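Below, each chain spelled out in residue letters.
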Amino acid sequence: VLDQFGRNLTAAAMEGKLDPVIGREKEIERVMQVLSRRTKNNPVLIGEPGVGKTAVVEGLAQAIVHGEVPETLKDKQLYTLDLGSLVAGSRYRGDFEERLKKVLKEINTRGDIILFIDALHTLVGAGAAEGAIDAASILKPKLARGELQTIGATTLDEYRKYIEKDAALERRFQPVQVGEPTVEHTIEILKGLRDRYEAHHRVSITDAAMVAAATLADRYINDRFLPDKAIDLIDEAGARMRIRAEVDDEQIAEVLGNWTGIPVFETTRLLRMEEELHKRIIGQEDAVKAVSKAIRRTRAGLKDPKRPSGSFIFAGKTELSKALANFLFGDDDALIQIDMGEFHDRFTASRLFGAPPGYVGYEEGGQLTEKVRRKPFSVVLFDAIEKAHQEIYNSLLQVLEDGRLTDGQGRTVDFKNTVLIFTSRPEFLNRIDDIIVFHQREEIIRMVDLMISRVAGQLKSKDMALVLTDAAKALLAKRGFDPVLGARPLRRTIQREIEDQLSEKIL
Amino acid sequence: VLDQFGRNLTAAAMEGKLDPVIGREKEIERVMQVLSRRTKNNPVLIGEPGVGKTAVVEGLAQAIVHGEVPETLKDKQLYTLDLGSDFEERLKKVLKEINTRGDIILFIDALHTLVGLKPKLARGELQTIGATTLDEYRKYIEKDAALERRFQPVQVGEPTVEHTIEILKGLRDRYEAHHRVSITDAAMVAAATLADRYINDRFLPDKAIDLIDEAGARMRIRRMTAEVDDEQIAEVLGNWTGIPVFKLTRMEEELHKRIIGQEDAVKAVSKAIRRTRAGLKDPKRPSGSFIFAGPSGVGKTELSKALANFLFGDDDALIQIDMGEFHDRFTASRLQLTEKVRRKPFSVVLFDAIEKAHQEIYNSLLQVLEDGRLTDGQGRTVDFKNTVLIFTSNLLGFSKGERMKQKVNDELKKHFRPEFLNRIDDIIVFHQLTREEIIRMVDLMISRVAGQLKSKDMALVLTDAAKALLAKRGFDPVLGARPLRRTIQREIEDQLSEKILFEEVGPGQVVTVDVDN
Amino acid sequence: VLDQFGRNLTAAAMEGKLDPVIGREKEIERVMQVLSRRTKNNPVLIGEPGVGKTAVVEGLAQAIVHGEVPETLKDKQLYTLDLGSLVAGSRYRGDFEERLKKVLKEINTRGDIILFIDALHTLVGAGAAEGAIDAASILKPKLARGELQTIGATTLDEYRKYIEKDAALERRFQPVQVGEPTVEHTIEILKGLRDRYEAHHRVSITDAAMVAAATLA
Amino acid sequence: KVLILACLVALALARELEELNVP
Ligand SMILES: Nc1ncnc2c1ncn2[C@@H]1O[C@H](COP(=O)(O)OP(=O)(O)OP(=O)(O)O)[C@@H](O)[C@H]1O
Ligand SMILES: Nc1ncnc2c1ncn2[C@@H]1O[C@H](COP(=O)(O)OP(=O)(O)O)[C@@H](O)[C@H]1O
Ligand SMILES: Nc1ncnc2c1ncn2[C@@H]1O[C@H](COP(=O)(O)OP(=O)(O)O)[C@@H](O)[C@H]1O
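Chains as they are written, first to last, in this note's numbering: chain Z, 8 to 514; chain C, -5 to 511; chain U, 3 to 219; chain Y, 66 to 88.
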């Protein structure tokens, strides 16, 4: 009856079907502290999806079969009542409430049941979103009297959106904050899961493979959370061993190269950082080794805990920052131009940092949470900073001291891993780490050969003629350059002379 | 029981009653990795309808009988779950198959139907392979967190045009034997090419199968009162979409023979369209990125109409979207556009009023131009690189007494971004309509009027002098296709209407305007 | 028999009780193509209400009677499936089970039946479903394993709501796009229907009235 | 300075329905 909507976690614990939890036994003690109450003995595990909240009550179910519980929690059977399974297959009036009363009938009958309602935010809005009888209004009488012990588990956002907004429901449940682990806490989690892996995958897992699964998932994965995405890396590591046995750290770096997409895995590449930055920039090599120099300190050596990863003034400029973003964690598209020449007024200062609520631009601006700290590292370029109002880069004085921006929607976006670069008061300039000077005919013609080879490599692959002359590279150097300005986007001169006459080859 | 659930896809795989799955072997590899997990097992196989999700598992079913599987999946059967084949009694004997055989691996086509039976297989007791669409994953399967702790997304995309050809070469003999005709290599290499171009409501690894199945089916029909090639499958597409077989089977500059005037700008855009039908540039970059700067009302919107004619077959199926309505993401979430370009594998999209936009959108405006990729909410890359880009933009004392060509190009860099014209294939500046170009536009608009009067049995010829008055009342140097149509109503049509109601003209004759100034 | 739970559409075609469809030959042969396939052998005729989806299979019934048909489906009796008469009088237990098994064994008994289910969305989700399996789940295994070829006709909207709901239907039904006629094709239809309306109203209909009625509509 | 537009949805109204017995 109650087996039709979830499994018995206590019966799975005494059959050894549950993964052991190492650490978070202060969280399990807090849940027992709620469950041993009289009146509202219903904990809700507040977390975020993958920190281990099923794992908390998986450890509570193991604690019951070990007898490490109070006398009000011994011989209790935990059932992961999926209330979404109660909604599923319920097309009719009253069909939903019938298989919830069958569940609550076995609560009254057994008397030793602790429901684990995963995704407790679903409890509001199971029949009518509190407009009528939902699954919340069915449970709220028995939850308030301690006659139904229910462990909820929900995200902190979903606790605020659904459980806190129903003020009658929030008193029935007691928030047990299950925090995201630390990396050193994740490694000792995976030590006890080594026995579960080696029995299943037929692998042997070395010691630092855990270290390269927990540090490395924190470094490149930010959508997922610690004690899940690191289990994922050891999972996908044996999924390369099912293609084949000892896993490496390179075995985890392989399967994160599948997941995130970057293959770059820092001391070796930081020394010859210049050469991987020369592959897109030839000419003006003094600034290349200059922005290589300060970053050899920040990512190798000593660093303040509250600073961006280098700060620069640029006075190609933006082509170097795109190659700088490619070395930074492995992606070309991390460079975000703000175009500070598109803002001149004081009321437009809220159009790039977020609006105060109620006002225009509450989402045009204030999306920086989903941009900057969504990526593990970033380079934010402020193109034409001299055209802005003073009031706009008074707000950039936060992120040069601390590396924190307060969105207009109330979010703290950390710029502490972001290379903040300005491009053209003494208080604004001394917080910037460097002043890097770009100098404005032999350097242009070498960028001609760099940029025609990207086009011509594809051209002859589709059986097209390649007719070039080194004298004509100097003709590309005259138009695609400006002393008063800057090398008139040579690429526009290449599509002038080469790509327009590319049509005049089939004719 | 055991066989009322569905079909053993692995008893069918060793028997040979299962089709060969050629191509997409890396996705079969990804499935058997996820099947080999203990924490996140049982892959849900995600793909749009017809891309091969049954076929990946039908390839996995052939993998277990070949020894292309680990010791985990070796000698492990795979049944499919037909829910259409008392109901709730047998569906919990599905979960009995752990204790019954222990070789059970379930394939559930349309896994989203199981959530709002719903075998919860005591959390993770029955191996499972799902099959769902990108959006049906993120609305039914991804929404419920108990289902998400175990099932893993495996992305199966639509095959590329050249990858579909190798699929059809492997599926050749089954259609060669069923329709008893020898389908040739031409029909294969023109199947996916002609199915991708002229169909977007279904995907290539099916729609290309659908025409070689049906062209072979038309052979077995018309033998009753034995080779299929490019022309025979082009005959089949014309009988479906209707698109003239000839069409299915450069630029010709003919565009100018529909529109009025602006002759050099017609030959200017025809050289870059001729380039991209050979695909000589980078296919990552968009096909044609044109800015139609210059005077409005000289027939520059109509040039896009003929370009929509020349590259559809249809006259007008071109996408019209408006900009300048934006100060919120609530309004700019339409960048309407993501669903109509989804229906059109090629379109001619026209961007008007692009001098007016919110300042943050100019960052995301480059992703239309530089990338041609805009991933929408259903998790799908909307193309703009197999789609031509048309940027329609309209830009004292005693000195008095007409090249503004480079002068337009100067404020192009100023009103827009200075790297916006980096990704433009050619720039177009139109001319003001001269006295001989505007007079044949008068022929175009009165041809609608004479067509309306042909229906009530009369034809009227206007003299060349009468059209000289209309062509100068309907032209000013800011416009000229826009005020001309109003002046034909206010001078020709409003007079002709009351003259055929009072019957000054009356029934059938020819009237001719012979104006005095 | 199928005559009690439907009507013979080719016997209605040889008794001259079906309206001729002048034109529409590309879509009638389209149905005959996607009947002769091996994986999607089921034509479902999608189209907006009024474009003549039923008139295609009635034009197919006239094609069989006239002998304008391949001799793989020559003398192949089209029966439209009246779901009304199939449900009507199923007052006792298992009648609608038994009736729909009878009309499917009578197809396999003779083999000169190709079945047309008008409003194929009505088949999905209705017919007995309280204590027995419905109409669609009886058709479903004979459509999946293959013992039975329907011709279907849904609205373009109703095709997405009921047939494109489960994938195991989608891999057996081929949507045949029955489009709107153009105005010139409609005049060809109306000139071919002219004898049926000159005889019913005993009026004459001019060529002007045909080209008016297609253009003005 | 700018409205929010709550935009109330309509619901499907999970239905009772009569059924048909057979003896
Ligand atoms: N090609 C045709 N030739 C002759 N008559 C036609 C043709 N196409 C349609 N008609 C006629 O037009 C009308 C269309 O009705 P019909 O039921 O065939 O359309 P339908 O699209 O199937 O409609 P519904 O969606 O209601 O089933 C009928 O009078 C039919 O005989
Ligand atoms: N403290 C822990 N010890 C061991 N495993 C843990 C721990 N926390 C989480 N896990 C792992 O997390 C997975 C269970 O999901 P869980 O993290 O509980 O999800 P959520 O936090 O969404 O409830 C299992 O792989 C389990 O081993
Ligand atoms: N790689 C492939 N090799 C062979 N046939 C394929 C391949 N991909 C798809 N197909 C065929 O195309 C059709 C796709 O339908 P199906 O396999 O059900 O996939 P989906 O679930 O995406 O509709 C089937 O006929 C299938 O056999």
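You may find that some hints are simply not true.
A partial selection of chain Z residues facing chain C, derived with a Cβ cut-off under 10 Å [stated by the list, open to error]:
1. 57
2. 83
3. 97
4. 154
Don't read these hints as lab results, they were simulated from the structure.
Ideal Cβ placement from N, Cα and C applies to all residues, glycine included.
Do the hints match the structure? See the list:
Restraint check, residue 57(Z) versus chain C: the minimum CB separation of about 9 Å is within 10 Å; hint holds. At a threshold of 10 Å, the smallest CB-CB gap from residue 83(Z) to chain C is about 19 Å, leaving the interface hint violated. This hint holds: residue 97(Z) has a C-beta 7 Å from the nearest C-beta of chain C, less than the 10 Å allowed. Checking residue 154(Z) against chain C by beta carbon gives a least distance of about 25 Å; that is not within 10 Å, so the hint is violated.
When held up to the earlier numbered hints, the structure conflicts with 2 and 4 and fits the remainder.
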